[PDB]
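Every protein chain of the complex appears in place save one, which is left out.
Going by the order they are written in, the chains are A, B and C; count residues from 1 in each one.
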């Protein structure tokens, strides 16, 4: 399995982009194992909605990308293309709060991959949001 | 009902922000009626994933925000807070392609609002993605 | 290809199954064409939860099966296997109420099919529920 430094470099390369992935530049990788990736982020103004809490679209981007990372850490190593994503929002995350983003692969099929993602407050473990992501690998 | 110019100014004010809503700065409002908002956007590099197609997180942000706009255009005028969002991805949108984002309110309840959003290719009407968004108004 | 009368025959044979599809025996097919099927049902005690309203599980079964019928009414004729289903519940349907279930295919791809389903109160057109169903054809 890969060293944390390797995964961090891969992630940093992904985020150092003119594309939309740039919005994840503040995200840090804490751990990576086959089918499981844990990231951390401090919620800053750039990540927030009008009310100054973590934007639903930022949460969605996190779910999308961190689950993709976990799906990729597999025998096949294919990222796949998004088919379905759902997110349920349960607690607000305010500016300054540290969040954990935990993505777990539920199944790697012949053509489909499925993953779940929890966003939690790092300090007290409070559940911010949970998402599920289905991707087509072919 | 409000003039298009008024809605455009409100939207522009929303997007001219240090917050995450900044990612929608290229979006133009085409029409607004109670419970229904149509926006347009040209897909540029900043909106894309690694493959150079519209990023799933950008689509999610569009669904979130355009549905919020339609929910707000109501007797109550409350934006609400996200509870559940789902997106199904059906066709890729490439760089240079013009997209329509159409949000329709399905129901305004006493405490909950529900809206659907279609993303389509403006030129041929091809369905890019469809999302549904449930918000808590209280 | 299928015809309305052939789809009607299925809802007699699919519904007098010993299998779970038996729960749809009271459903009448009103209309069918490639990619779209419309059914009607009167809500009866057998369809209800303990609160006297249409059971969420019955709604899910309706979404599942009627979308499957619309997907199968195609040149390929594949019914597919379920991948993702989501349902948003907006208005209760009470005993005695006549409901319309309307399934429209959004895309038939090489390996995936996508359909939306509306359940409406027949008498006033109000939305009871809306579902989306993604199926794997490969």
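By our rule, a residue touches a chain if its C-beta (ideal position, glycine included) is under 8 Å from a C-beta of that chain, and two chains touch if they have at least 3 such contacts.
Of the chains displayed, those contacted by the omitted chain across the entire assembly are A, B, C. Screening B:62, B:112 or B:117 for touch with the missing chain picks out B:112.
Among C:87, C:103 or C:106, only C:87 touches the chain that is left out of the view.
Of B:49, B:67, B:86 or B:108, it is B:86 that touches the chain left out of the display. What chain C contributes to its contact with the hidden chain is residues 14, 17-23, 45-51, 55-58, 60-61, 64-65, 81-89, 92. Although one chain is not displayed, its contacts with chain A can still be listed: residues 84, 86, 88, 90-91, 106-107, 109, 114, 116, 127, 130, 132, 134. Touching the omitted chain from chain B are residues 83-84, 86, 111-112, 134, 136, 138.
In this section, only the chains that are shown with their structure count from here on.
Chain centre most remote from that of chain C: A (centre = mean of CA atoms).
If each chain is reduced to the centroid of its CA atoms, chain B and chain C end up 28 Å from each other. Contact with two or more other chains is made by residues 84, 86, 134 of chain C.
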